[PDB]
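Here are the chains, one letter per residue:
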Amino acid sequence: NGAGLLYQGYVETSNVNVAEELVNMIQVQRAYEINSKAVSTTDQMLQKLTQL
Amino acid sequence: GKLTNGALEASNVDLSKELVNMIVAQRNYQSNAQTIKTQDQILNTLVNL
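Protein sequence lines, in the order shown, are assigned to chains A and B.
Residue numbers for the first sequence follow our numbering, beginning at 1 and rising by one.
Residue numbers for the second sequence follow our numbering, beginning at 101 and rising by one.
Next comes chain B alone, as it looks inside the complex:
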């Protein structure tokens, strides 16, 4: 393509899209933590008989 002097290309990042994606990612991260806790207790009962 063509060029243009006296100008620069931006970072093409929108905080609107990232903030909503950050919230979703955090919950997904929170959620999987339940499985470890669930798997931990489900094994604690068995070893303790």
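Only chain A is shown next, with the shape it has when bound in the complex:
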């Protein structure tokens, strides 16, 4: 019925690939910095509007 098999003496390790996580961290950090820059741009725009 589609089930697997059992192997004695073995163990299934985590299926986490430590390679792609670092590049994903780089991309996430850059995207977060870009969004924070957008927040700063909006705040600066509104501040210089209200400086009048």
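Errors might be hidden in some of the hints.
Stated by the list, open to error - Here are the computed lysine to any residue pairs in the SDA-like style, where the Cα-Cα straight-line distance is at most 25 Å:
| # | chain 1 | residue 1 | chain 2 | residue 2 |
| --- | --- | --- | --- | --- |
| 1 | B | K137 | A | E21 |
| 2 | B | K137 | A | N17 |
| 3 | B | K102 | B | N112 |
| 4 | B | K137 | A | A19 |
| 5 | B | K137 | A | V16 |
| 6 | B | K137 | B | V124 |
| 7 | B | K137 | A | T13 |
As the list claims (entries may be wrong) - Here are the in silico distance ranges between beta carbons for each label pair:
| # | chain 1 | residue 1 | chain 2 | residue 2 | range |
| --- | --- | --- | --- | --- | --- |
| 8 | A | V16 | B | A125 | 32 to 42 Å |
| 9 | A | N1 | B | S131 | 39 to 49 Å |
| 10 | A | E20 | B | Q134 | 18 to 28 Å |
| 11 | A | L5 | B | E118 | 30 to 40 Å |
| 12 | B | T135 | A | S40 | 41 to 51 Å |
| 13 | A | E12 | B | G106 | 55 to 65 Å |
Just so you know, the hints here were simulated from the structure itself, not pulled from any lab data.
Cβ coordinates follow ideal geometry from the N, Cα and C atoms, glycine included.
Following the hints, position chain B against chain A.
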């Protein structure tokens, strides 16, 4: 089979065959050590960015 008194069976090991097999096994063991070193450096660069 038949038996024979006053005699014994040997160890059926030839040093000629084992010594050549030991040399081959050692290199195979040496070789895989390169992969660990290669995988170690290939990961060291990534974490250090």
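Any hints this thing doesn't respect? Which numbers, in order? Structure breaks no hint.
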